[PDB]
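Once you've looked at the hints, dock chains B and D with the ligands against the given chain A.
What follows is each chain in one-letter form.
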Amino acid sequence: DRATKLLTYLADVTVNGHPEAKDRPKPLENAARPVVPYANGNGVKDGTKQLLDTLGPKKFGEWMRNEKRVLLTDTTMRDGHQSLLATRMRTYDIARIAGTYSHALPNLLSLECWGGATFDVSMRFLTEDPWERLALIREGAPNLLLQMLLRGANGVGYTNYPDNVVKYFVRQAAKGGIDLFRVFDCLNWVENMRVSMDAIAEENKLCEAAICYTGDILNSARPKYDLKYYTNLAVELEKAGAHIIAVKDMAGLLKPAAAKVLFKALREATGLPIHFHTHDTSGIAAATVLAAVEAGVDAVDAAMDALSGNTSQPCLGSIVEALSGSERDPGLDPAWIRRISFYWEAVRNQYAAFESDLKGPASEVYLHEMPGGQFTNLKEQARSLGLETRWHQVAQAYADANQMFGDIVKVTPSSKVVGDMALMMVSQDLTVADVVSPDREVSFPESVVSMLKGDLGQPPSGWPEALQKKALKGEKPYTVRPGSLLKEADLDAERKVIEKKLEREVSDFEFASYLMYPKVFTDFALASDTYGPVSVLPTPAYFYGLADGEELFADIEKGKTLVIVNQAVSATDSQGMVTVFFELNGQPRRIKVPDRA
Amino acid sequence: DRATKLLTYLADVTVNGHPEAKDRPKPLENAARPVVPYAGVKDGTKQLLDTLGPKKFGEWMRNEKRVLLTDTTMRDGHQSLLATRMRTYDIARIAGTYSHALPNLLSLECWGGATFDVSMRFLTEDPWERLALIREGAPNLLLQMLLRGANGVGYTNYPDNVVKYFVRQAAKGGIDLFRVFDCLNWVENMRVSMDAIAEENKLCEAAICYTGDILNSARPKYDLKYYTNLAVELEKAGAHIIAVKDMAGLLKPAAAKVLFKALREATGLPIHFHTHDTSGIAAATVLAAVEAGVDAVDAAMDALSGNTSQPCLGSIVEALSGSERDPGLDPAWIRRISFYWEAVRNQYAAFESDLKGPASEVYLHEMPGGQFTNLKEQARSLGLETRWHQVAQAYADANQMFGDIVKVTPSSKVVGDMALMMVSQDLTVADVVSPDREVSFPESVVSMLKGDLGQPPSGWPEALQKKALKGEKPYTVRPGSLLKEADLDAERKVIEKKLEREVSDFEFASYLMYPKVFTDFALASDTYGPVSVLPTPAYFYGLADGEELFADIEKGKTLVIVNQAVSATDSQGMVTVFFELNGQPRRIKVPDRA
Amino acid sequence: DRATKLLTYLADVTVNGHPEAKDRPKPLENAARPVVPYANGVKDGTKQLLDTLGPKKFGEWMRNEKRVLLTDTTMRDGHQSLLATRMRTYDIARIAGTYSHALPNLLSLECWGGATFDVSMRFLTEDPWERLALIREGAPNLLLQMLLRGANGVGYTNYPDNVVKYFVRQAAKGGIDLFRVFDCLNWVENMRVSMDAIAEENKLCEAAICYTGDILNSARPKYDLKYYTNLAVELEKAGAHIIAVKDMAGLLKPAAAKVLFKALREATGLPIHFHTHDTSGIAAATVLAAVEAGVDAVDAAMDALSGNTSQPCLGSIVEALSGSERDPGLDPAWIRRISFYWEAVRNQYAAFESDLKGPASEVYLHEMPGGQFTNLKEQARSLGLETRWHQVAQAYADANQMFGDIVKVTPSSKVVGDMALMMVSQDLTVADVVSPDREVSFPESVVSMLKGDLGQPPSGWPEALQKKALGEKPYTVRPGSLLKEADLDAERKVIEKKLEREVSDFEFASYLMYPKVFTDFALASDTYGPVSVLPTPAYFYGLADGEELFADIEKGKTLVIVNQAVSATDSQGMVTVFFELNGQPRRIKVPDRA
Ligand SMILES: [Cl-]
Ligand SMILES: [Cl-]
Ligand SMILES: [Mg+2]
Ligand SMILES: [Mg+2]
Ligand SMILES: [Mg+2]
Ligand SMILES: [Zn+2]
Ligand SMILES: [Zn+2]
Ligand SMILES: [Zn+2]
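Chains as they are written, first to last, in the deposited numbering: chain A, 471 to 1067; chain B, 471 to 509, 513 to 1067; chain D, 471 to 511, 514 to 942, 944 to 1067.
Hint data in this document are derived by calculation from the structure and do not stem from the laboratory.
Errors might be hidden in some of the hints.
Said to hold, decoys possible - The list that follows gives simulated cross-link-like pairs (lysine-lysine, DSSO-like), each with its CA atoms no further than 27 Å apart:
1) B/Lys492 <-> B/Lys989
2) A/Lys492 <-> B/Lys829
3) B/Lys496 <-> A/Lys492
4) D/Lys515 <-> D/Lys538
As the list claims (entries may be wrong) - Footprint (simulated), chain A over chain B, 3 or more residues, beta carbon under 8 Å:
5) 719-730
6) 747-757
7) 785-793
8) 800-810
9) 820-832
Quick reminder that beta carbons are idealized off the backbone N, C-alpha and C, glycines included.
The following block holds chain A by itself, in its conformation from the complex:
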C-alpha cells in the first residue's frame, strides 16, 4: 500500500511526464548515477554541533570570534541550487551526501541546508516534506551545525506574518534540527527583526542577525549606504541579542577594497563574530571573500565547485586552496572537497531541465543589483511576458525602479517588488518620469502598492511621498511594524481547519507548514495520500518515471527494497485511462492512471 502509491506515482509520471520537466532539456541518456564516495572508515570527530551543545549560543559566538582559522559554511545544499537550479534539488540527493560531509569535513562551521526558497519549493514542485529533509540531514551530520536562512518577519514566506506564527515556526525549526538561524529583514529594519531574533534566543539557538549589503561604501556619490550605516546596524543588532552578525551580500556587490574596510570596521564596532555571505555574479566574489579573510572575518560561506560560480556562491575548493598554508588556513582536506564536488556534479547533471542559459560573469550586476537568487527567476518571468529580447532594458528599469523607491535594499521579498515594477515599466514602455506623472494613469502592481502602504516595513528614510500618494490612490499608508496590525492567529482554530480539510491529526511540523503555506501544504498533503513517499525515489525516476523494460530499486523503508520493472504500457482506453504493467519483486501489478494529454 505505500508500494501501491509509489507505483501509482511512477506510472503517472511514466505515462504523462512531470509538469516541471516535460518541455525542457533532458539529461544525457547514459548518465552516470551519482555515487556516494567510499569514506575510509574513520569515525566522526566532534565538531561545532558538540561545541554549541556544550557552550550555548553566546559562548559559541565568542569561540567563533576567538578562533584564528576562518570558518567555512557550505551553501551547496541550499543557496547553491536555489541560485542555479531554481531550488529543485531533491532530498534524495541532498540527504545521501550528509554522512560524507560528516566524516570527511568535520571542521565545517555549518551546512546551509534549509529555509530560503527550499521550504516552499520542496512541497510545491518536488512533492516532498522539508521537515523529512531536515531530519535526514540531522541524522547524517550529527557533528555539524545546520543552518537556515530565515526572512525575519516573512518567515519562509513572501509577506510579513503575525508574530505568534513567526514564533511558532521558529519553535518548530529548532525542534526540527536547525542550530543556526541566519535571519534578515528585506529593508534592514531592526525593529521588524526583534520578534525572530528573540524567538531564536528563546530556543537557545544561534541568532545570526544579518545586515544586507547594497550600494558601495567607497563611492561617496551614494552616501546613503556608507560605512557608518553598516557599523551602526551591527551595534543595533548586538543590542538586540545577536550571537553572530552576518553580512549578507545577496547580489554580490561587495568589492574587495570595500571588504578590507568593512570587516576591519565591523570587528572594531562589535565584539560579536562576523559571518560573510556573497554571490559570484560579478566573477570576482572570491577576491572579496579572500579580502574579508585577510581583514579578520570569522566565517565565510562558499559552495562546492560543481555548484559554484555565477549567481551561486564562489568556489569552495578554490578558496580553500588559496588559503592553504596561510595563517587562517581553515583546515579542510581538498581532496575530499573535490570528491564531494564530483558527487555534486553527477547529482547536478540530473537537473538539466532546470539549468539557466547564464554563460558567466556580469559586471552589469553593479548596475541592476539583482540578488543572485532572483536573477534567473526574473529572466524567465520576463521571457514569459515576451521581453526575452529586452532583458537589458529590464535590468536598466530595475535600477531605475530602485532609485524611484528611494534606493532600497533589494532581497526577498523587496526584490520581487522591484522586479514587478521593472517588468511593468518595460511592458508598458514607461520611464520613471512617466510612472510619477500627474497626467499618466498607471496600474501599479499589487506588490508595489502593498510595499508603499507599509506591508514590508520601512526603509531608513521612509517611502518617497509623490510616488506613494500616487500609488495609494487615497488609501493611507502606515509606518508601524506590519506585525503590530495583524490579528493574532488563533492557533487552536487554525489547527482544526486543516485537520478537517485532511480528515486527520497533523503534526506540529505540518501545522507550521500550514501556517506558512496553507494552500501549498494542503495540496502537498493531498498529493501525499495519493502518491505516498515519492521523496524516496531517485531523481530520474521522480522526473521521468521508468523507460520500457527499465528496472528500478527503491527503498520504501530501511528493510524493504522494492524492485520495480516497467514491462509494458497500454494504449489509452475508452475511460481515458492507461494501464502500466509493473513487476514488483517478481510479482505482477497493473496500475491504471489517467491520460492527461
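Coordinates of chains B and D with the ligands only, in the frame set by chain A:
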C-alpha cells in the same frame, strides 16, 4: 561574379548545411542580431609607440601608475570558450567601437594563438584580412598577438628563416605587440624570435609561463628564483616587456603578491600578467597583482569571460574604479561592448562546451585553459567521457613522468596525447616506463623526446627516453640549428604553380606555416569567394525561405540577396536555389551531399 | 497573357490540389500517358447519309439495314456511369479522329448531353460546346448523338418552351445530329415541344420510351406490352424518326427482349434503338436477344468503360455477332486498340472510381438507374449510412410504390432517391410517411414533383400523398404551359452585365440552363484561361518539381512549361511558383488556400 561565387556558397550551405555545425546545437530562432553600438578618435598607445619606440614605450608603461588593460576577447576569449570559431565579421565590426569608446586600452589581443590556423581551416577566411580590418577599425590601439616562439603559429619548431619571414609579415600586417613564449620556458629558443621582433621595431613581450606553486616548498623546481632568473635572462635578451603567462590559471593571490613584487625588483622592464579563470578565483589573483604594482593585465569582456577564459574585464575595472591605480575605462562602454559580444556569442551555440563553472581541480591537472575543452572532447572521441576524472589524473601522472614540465601549446598537446593513451590502454606510470610491456607512443611524444620542442631545464628523464625512440639518437641542441634553412625562393614556386597565380608575401607566409591548410583555403576562395563578409548565421546555416540578407562585397557595392525558393534533388544529383540579387533573379545549381 | 492565366491555374493546383481530387485516391506514380493509336492511313459514313437523305428517309435506311447498327456510349453514359462524368474534353476529343478512320461503319457516338453539360462546367472548368465542336472536327463522318431530357433539357427541372426551343436550336448548330429525347415519366404531351424543335432543325428525333418493371410478369400489369407498343404508336404520330427503348436501370431481361422487339417492329414502321446498363451482369444477353429479334440499333461501351453500371461490352457483343447474318462489320482489333486507349485514359481518373465490385441482381428489386447508383451510394455515405445500404435500397423500392410505381430516371429518380434517403435517416416507413398524425418535413425534390413541376404519370399522383406533402393546390396541366415565356433579350442583358462582355449564343444557352454554374464557369475562365487544353494529370494535380509540360494554347502554339521550384508560404498568405515558360523565367503568385 564575386557574387556568383558567394551565391554558390549560400546555396551549398543552405541545402547541405556546414560540416562544423550540422549535428551540434543551433542558436534560438528569433535570434537577436548583434548591433554595433552608435558612437573622431583620440590618439592612444599606437601613436605613442610610434613616437617613443618599443624600448622607451616599455619604460612609459613602468612609470605609468594606472594599471594598463589588455582585452583578450578577440583572441584567447573565444579560443578558450568557443574552439576559436569566432569570425572576422563579428570581430572587425566592433573594432571601431573599441577605438572610440575605450581609447586608454593598452592593446587588443586579436591575433596569433589558434586563430591563424582555425580561421582558414574551419572558417574559410584569411587571418591577414582579419588583421587588416582590425587595423583599420582601431588605428589608435596596439594590436597584440600571441607568438609560440620557435613554433610561430603552428605545432612544431620551424627553420629560423621561416620564423623570421613570418614575424616580418606580422608587423607589416599590423602587429604592434608580440607576446612571445617558449612552451618549456627555454630562453635560447626564444632568442631568434625576440631579435626578429626588435628588428621590426615592434614591442617584444617575452613571456615566462607559470606552473606549479611558488609558495609550496615540496615542489621546488618552480621556485621564485626560477621566475626572477628568467625575467633577468629575458631582459638581457632584449625584451621590452616581461609577461607572466599563467596559461592554466594556477597563480594564486598570495603568490601573485610575492611574484610580482620580486619581478619588479629583479628587472626594471614593465610586467604584463595573463591568466585564465578555470579556478573561479583568478580575478582575486589579478587584483593582487595590481596591488603589487604589475604594469599591465589581461582580461576578457564579461560575456566571453570566466571559466577557461580570462576573468571578467568589467568587474576587475569596477573593482579598481576610484583607486590609485584605476585604469580609467568607462564601465558603461564596457557593458555596451559586452552586450554586443553576448549577442555575437549566441550565434556560436554550436561551439559551446558543457563546462558549468569553477573547478579547483585545475590545481591538480594543470591543463591550460584553452586546452581543457578540446581534450574533454578528444576523450569523448576515444569514448572515455565516463572516465574524464581518470584522464585528468593521467595528465598529472604523465606530467611527472615527463620530469614535471611546462604544459602549454604545444607541450600541453603532448601531455594530452600521453594522458589519453594511458586511460584507453589502461596504463600506469610504472607500467609506462616498464621494460616488459611493449607500448607504442603517439608521434607527438616520439617527437618531443627526440628534442623537437627544445629542452626542459633538467633535460628529459633518461629511462622514459631510452624506451620511447625505438633505438634512435635524441638531440639536446636547439631544433632550428639542425633544421635546414628552407629556400624561400624555391618553396614559393611550388605554392604558385599549385594555384596557377602569383600569391602575396602574406599568403606565402601562410604557406610556410600551414602548407595544406592554406592550399585548401585558397582553392575554396576561388570557388566560394569572400565568404568572410557574410554574417555568421548565414555562413553557418544559409538563408531561410523568404529571408533577406544585406552583404558588403567591397564597401562600395552592397548586395541584397533573398533566398526566394529551393527545388528538390534532380537526376543529375543537383539542387537549384533561386535568389534575388538587387531585384534581378538568379539560379544556382549545387550538389546534394546527403 | 492567356499563358499567364494558365500559369496561374497550374500554380494554384500545384500548390493547393484540386477540390475534386485532394482527398480521393491517386493514380499510380509511373502512369503511362494515354497513347492515341496511329490510324494506318475517311470513308463517308452515317453523317453523310443524313445530310443526303434527311431524317425521316434516314430512319427508313436504318430500318431496312440487315446488319445491326452500333452506338458507342464511351464518351457519355460510360464515364457518367463509372467515373461520375469526370471525363475531360482533352481525352475525349483526342480519340475522335481514331474512331473516324478506324470504325467508320458506326451509327453514332453518344458524346454529349446527359450530365456532361452540367459537369463539364461545374467540376471540369471547361465548355461543353468547345467539347462538341472538337468532336465534330475529329469525326465529320459519324452522327453525334446527345441525350436530351425533354422538358428538362440538360437540367433537373422543367423549363419554359422557348428555352427548350432555344437550346435544341443551339445544340444543332453545334453539331448534334441525333437527339435521344426522353421524358422522365414517359409522358408524351410533355415531349411535344422538344420533338417539334428537333424536327424543325432537320435533325434526328429518337423519341425514347423508358423501360421499367417486367412485361413477362403477370403480377405487375401497369407496364405490360401494350404500354410500350401504344407509346411507340403515339410517338410515331408525334413525328419521331426513330423509336428508342431506354432501359436506364438494366431491367430488361432477355426473354422480355424477344417479345418486346418482335412486337415493337409490328406496331411501328420506325427503326428501333436499344440502350441498356449492365448492373445485372446479363445485359449483353438482352442486347443479343434484341439483335436476334431485329432491333435496328444498340448502344454499347468500349470494353474498358463497360460492365456494371455502364453499358455492356462493345467488343464482346461485336465478337458475339461476328460472322452472323446481322454482323455489324466493325474491326475487332480496332475496337481493342481504342479500348486500350480508354483503359489508359481511365486510370488517370482513379479518384472518381466507385468501389462497386460487379453484378447485382438486387437491381431488379430497387430499379436504380446505372447512372444514379453510385451517386446515391456516396450520398448515403454523405448522411452516415454505408452500414445500412441495403435498407436504403429497400426504401427506394418502397418509395417507388408509394409514389404509385413510376418510371425512375433523371430527374424523377433523384426525387425517389431524396425520399428513400430521408425514410431511412428518420427510420420512417411507407405507413409512417403517409399516416395522419406524423409530421414529416419533405425534401424540396419531393414537394415539387407531387405539385406537378416534373409532370404527370398515366394514373396521376396518389391523392393522400400530394395532400400531405403539399397546402399548395397541385397542377395536372403540362408544366411548360404554366411557366412563362421568358424574354431572352432581357435575360441576355442580365448575363452580359455580370460578365461585362458580349457572349455568344452557345454561351447564352448555357446561361439559360445553368445560370449560376455558367456564370461561375465564365469568371473562372477569365482568371485561369483555357484550362481544358491541359492534359488530365496536370489539370487535377498540376506539375511535380522539375516536371516538364507541353500545352497547345492555340492549335499552332505549343507552350513548354517547367515547374522549377515552389517557395514556402509568405507573410501575405501567398506562394510563389517559379516557372520556365519557353526558356524564359516566370514567377507566379497564388494563395495558400490551406
Ligand atoms: Cl499557500
Ligand atoms: Cl597545413
Ligand atoms: Mg574568529
Ligand atoms: Mg606602470
Ligand atoms: Mg434495320
Ligand atoms: Zn544568498
Ligand atoms: Zn591564455
Ligand atoms: Zn444510360
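Verification of the supplied hints:
no. : hint                  : verdict
1   : B/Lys492 <-> B/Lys989 : holds (24 Å)
2   : A/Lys492 <-> B/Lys829 : holds (23 Å)
3   : B/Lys496 <-> A/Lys492 : holds (21 Å)
4   : D/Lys515 <-> D/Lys538 : holds (20 Å)
5   : 719-730               : holds (count 3)
6   : 747-757               : holds (count 6)
7   : 785-793               : holds (count 8)
8   : 800-810               : holds (count 3)
9   : 820-832               : holds (count 4)
Checked against the numbered hints given earlier, the structure satisfies every one of them.
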